[PDB]
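Asker: Each chain, written out:
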Amino acid sequence: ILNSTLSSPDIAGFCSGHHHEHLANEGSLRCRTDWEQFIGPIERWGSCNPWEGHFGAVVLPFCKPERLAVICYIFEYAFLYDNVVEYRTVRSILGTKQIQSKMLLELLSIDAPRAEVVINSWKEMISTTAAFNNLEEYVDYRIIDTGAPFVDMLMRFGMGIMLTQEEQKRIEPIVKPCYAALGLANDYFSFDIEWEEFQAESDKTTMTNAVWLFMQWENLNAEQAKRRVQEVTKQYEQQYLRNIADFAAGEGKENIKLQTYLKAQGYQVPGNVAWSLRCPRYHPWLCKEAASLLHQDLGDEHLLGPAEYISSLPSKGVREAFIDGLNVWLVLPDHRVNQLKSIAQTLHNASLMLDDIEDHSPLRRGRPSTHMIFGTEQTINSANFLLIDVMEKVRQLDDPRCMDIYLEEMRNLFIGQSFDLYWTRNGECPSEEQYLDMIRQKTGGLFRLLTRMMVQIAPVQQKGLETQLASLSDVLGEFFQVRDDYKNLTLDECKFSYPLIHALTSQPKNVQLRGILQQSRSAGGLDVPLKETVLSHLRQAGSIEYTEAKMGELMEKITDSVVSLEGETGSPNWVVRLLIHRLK
Amino acid sequence: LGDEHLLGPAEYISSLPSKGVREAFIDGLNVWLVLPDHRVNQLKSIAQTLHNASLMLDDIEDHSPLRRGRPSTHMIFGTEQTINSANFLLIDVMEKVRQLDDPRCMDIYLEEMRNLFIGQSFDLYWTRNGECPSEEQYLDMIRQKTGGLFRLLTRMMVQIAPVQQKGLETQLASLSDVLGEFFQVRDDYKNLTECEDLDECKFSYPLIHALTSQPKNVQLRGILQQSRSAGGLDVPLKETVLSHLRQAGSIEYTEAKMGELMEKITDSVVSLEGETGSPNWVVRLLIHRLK
Amino acid sequence: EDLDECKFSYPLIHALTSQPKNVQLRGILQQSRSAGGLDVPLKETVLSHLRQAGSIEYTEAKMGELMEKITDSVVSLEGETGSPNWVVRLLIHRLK
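Residue numbers (this note's numbering), protein chains in the order written: chain A, 96 to 679; chain B, 2 to 292; chain C, 106 to 201.
Keep in mind that the hints were calculated from the coordinates and are not lab data.
Any given hint might turn out to be false.
Pulled a few chain A residues facing chain B out of the computed Cβ check, cut under 7 Å [said to hold, decoys possible]:
# : residue
1 : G470
2 : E487
3 : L502
In the DSS-like style, the derived pairs of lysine-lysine whose C-alpha atoms are separated by at most 27 Å in a straight line are [stated by the list, open to error]:
#  : chain 1 : residue 1 : chain 2 : residue 2
4  : A       : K590      : C       : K112
5  : A       : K604      : C       : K112
6  : B       : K97       : A       : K488
7  : A       : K192      : B       : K292
8  : A       : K192      : B       : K265
9  : A       : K218      : B       : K45
10 : A       : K679      : A       : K411
11 : C       : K126      : A       : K590
12 : B       : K45       : A       : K192
13 : A       : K192      : B       : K20
14 : A       : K218      : B       : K292
15 : A       : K192      : B       : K167
16 : B       : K20       : A       : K218
17 : B       : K20       : C       : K148
All C-beta atoms in this analysis are idealised placements derived from N, C-alpha and C, irrespective of residue type, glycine included.
Take the sequences, apply the hints, and build the full model.
Answerer: Set out below in structure tokens:
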């Protein structure tokens, strides 16, 4: 039911084929006031056209009045949005953002369905915008460069109707006359000014416009450049009705909606034609009387809990005693010495707490493990928070760059433990060199962190020898890992270890060993006497002998690096000598 | 030796599509504060990274094989490897924080990532041991767990921004606490209306109103115990639970606090707008989008 | 069912042979062993990683090149025997 109640041909050689006013007119006006508020000063006459129709006045008088005011807001906005597309800089982005959201808030206020396609079409049109040969390829350029699909979807929003894609492909050739018309029809009048702007566009490439190409494509100047447009548009309008007659003879014999929708889509071509004839937007001189007309117109426990248990178990006390030794070489105040020992004790408890979960270890030190009294996940939280509690203490000891050292020896710490976990789930034997670098940056990483923090916040003069202590920490981090593997063999997770790499690198025909390992990774844990066999093979191939060739080589390089420090710095330290002896 | 098996879990959780809730909110607070554009993107990486560390851990404690469709990280890369890379993303974040060029920004970060972890500790009690919480303890657990990533972004965003503006933190922080309630309560309501809401024996808002009032419903406290023994109820069982909560009216008492939360959120935006005097339509594009 | 026990097939071998750093593929084929059954959501993911790495494209080559060797060899046997085998072509044709 098209309402002509409020909706009131040879144009320039071609073209053979709203009463709410202020509700629409002022609705457009609000846009200009709002846009100047946010974006920038008002400019070239908008969709208004006092005599031949303020866009929607003639272009779409059939839009439902209630949405039309917002559609006129859109009509102005779509114009205004293009009108400029045709601290302050970020505010301009901010100025964009807000008034950008003003439409959606208002547009989604009326209804969802029609907006959906319209929303999708709108950004699609903009995306399409961002050597002419024939007429049709520029039509493909300007079918969506006019915004017409979005506009006729906005016209489909005009009466708030949808065009299903099956019918769309059906009407795609049916509306192709009009779809291609909006291309050619728009240029004709726009060209008259666009080429005036084109003649001022200087840097212009081949000017994207049907008409101006026609002056020089085949040297059919103006009246003949019109004539091909006339040959297009006078036909394209007759052809529109001719195809609408074909539509009337075919798809739209009594097709109700698309018949009334092509009726509105039939006033589209005359609506832009009537609009383009005498608009101040296109003829600025009218602006003054046009403007003159407008002048007339919840606790603490349950998080610290798991940390209390693992910090109250019988400890060996190695990491805590390494700092006790180096301090004699390094000399730092007692207040700052206990601080680091608290950091070392906390961080070490974080590593062990995540261990038993990541190696199924049901007990440690002979007592129940920490993931059996508080749960598997409540333990992970406590670990992920102790990593934050250490950072609060790192700041506390006064230094700006002591934290960057912590943030580096913790990336290296985690980089190595990732590799170990790979080699144990996706069973894969690492090489001897690749195993030595993993235990280098996963056990010695904590020793490095305690070393490079002490050698940085010490009362100066202990910076030249920094490298040497980093060598001790690196050569000693290895020692613990290659000494634990013998203390642990004299595998319940079948963890690849230093003796075991030698076994499966010296006999690549020891089928039995691969089969006491794979039975351990599958059933879960080697059973009691099957471990007896695994010791036997390692005894028949060296391994046990070889591990004391590296426990010795390491034990000679530790004593070599200790000697250098003592002599180079005079003071003979004896805490480290006692610690080294008890380690043997 | 290399650096691939650590960042591996991070890349996978980043890949899967998302919503943009954390991202859009920062743009909403952007036009009340006039931040530069160089700092905001640096501020937006902390939101993506920290929310990703949350997800990888949360799936571990749910045993949910899939997130949104595509599989979870703890089923492609292993629980042990996904926990390790999760703790690395935390340390990675505290590198971006000191790249923001401010001393007390770090203090803010390690003050609201401790309240973000007390809330989770409580939430993991009430599911492993099976203790029905109180209605007010629960409403305090969510303002810290899911409303803690919001306060952390807010207070940081007002400390980095050009100072000028007075103690806007007072009203702006209060917005974050209430917005975290409208998000968790919504997630609970849009589970028992069509699920995995009860497959973890997870206590939600409907389930703490039907369990305190009607305190002799021996049927419900029997199907909430089968969950802890079978690792999740079956489809017919939940239709019994869902019909059980209707009689208690919990589905009706959840939609009553949701309206209050949307009223207190609306009021705060209006009151803080009358102060600044610059209508932030972006926050209203959000507000209608969650109704 | 081939991935249900992770029976190494031609496409899977080429995918792992080509990319040494497709950590995801290594991970899923371990989930297969650790649990016992590759679920459907994971099984769809495996197929995608092959296509992005080709693999399936490589399969057609051998599966078509093998057709070259047999077709050429059968003609050779056809000539020397002096008796046209039409029943081996039927088994061949009903196999394509």
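Asker: State for each hint whether it applies.
Answerer: Comparing the hints with the structure gives:
1. The interface hint given for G470/A is met, as the beta carbon of that residue sits about 5 Å from the closest beta carbon of chain B, less than 7 Å.
2. Here the hint on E487/A is kept, as its CB sits about 6 Å from the closest CB of chain B, short of 7 Å.
3. Because the smallest distance between the Cβ of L502/A and any Cβ of chain B comes to about 6 Å, under 7 Å, the interface hint for this residue holds.
4. Our distance criterion of 27 Å between C-alpha atoms is met by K590/A and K112/C, whose separation comes to about 25 Å.
5. Distance hint between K604/A and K112/C is fulfilled; the C-alpha atoms sit about 23 Å from each other, no more than 27 Å.
6. Simply put, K97/B and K488/A have alpha-carbon atoms about 19 Å apart, close enough for the 27 Å limit, and the pair holds.
7. Distance restraint check for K192/A and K292/B: the Cα-Cα separation of roughly 22 Å lies within the 27 Å cut-off, and the hinted pair is therefore satisfied.
8. Annotation: proposed proximity of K192/A to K265/B holds, straight-line Cα distance about 25 Å (limit 27 Å).
9. Distance hint between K218/A and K45/B is fulfilled; the C-alpha atoms sit about 24 Å from each other, no more than 27 Å.
10. Between the alpha carbons of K679/A and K411/A the distance comes to roughly 16 Å, so the proposed pair stays at or under 27 Å and holds.
11. About 23 Å separates the Cα atoms of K126/C and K590/A, which keeps this hinted pair within 27 Å; it holds.
12. The suggested pairing of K45/B with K192/A holds, with an alpha-carbon distance near 17 Å, which does not exceed 27 Å.
13. Taken as a hint, the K192/A and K20/B pair is honoured in the structure, with Cα atoms around 19 Å apart against an allowance of 27 Å.
14. The hinted pair formed by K218/A and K292/B meets the criterion: a straight-line CA distance of about 25 Å does not exceed 27 Å.
15. Straight-line distance between C-alpha atoms of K192/A and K167/B comes to about 24 Å, which keeps the hinted pair within the 27 Å bound.
16. For the hint linking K20/B to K218/A, the alpha-carbon distance of about 19 Å falls within 27 Å, and the restraint holds.
17. Between the alpha carbons of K20/B and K148/C the distance comes to roughly 26 Å, so the proposed pair stays at or under 27 Å and holds.
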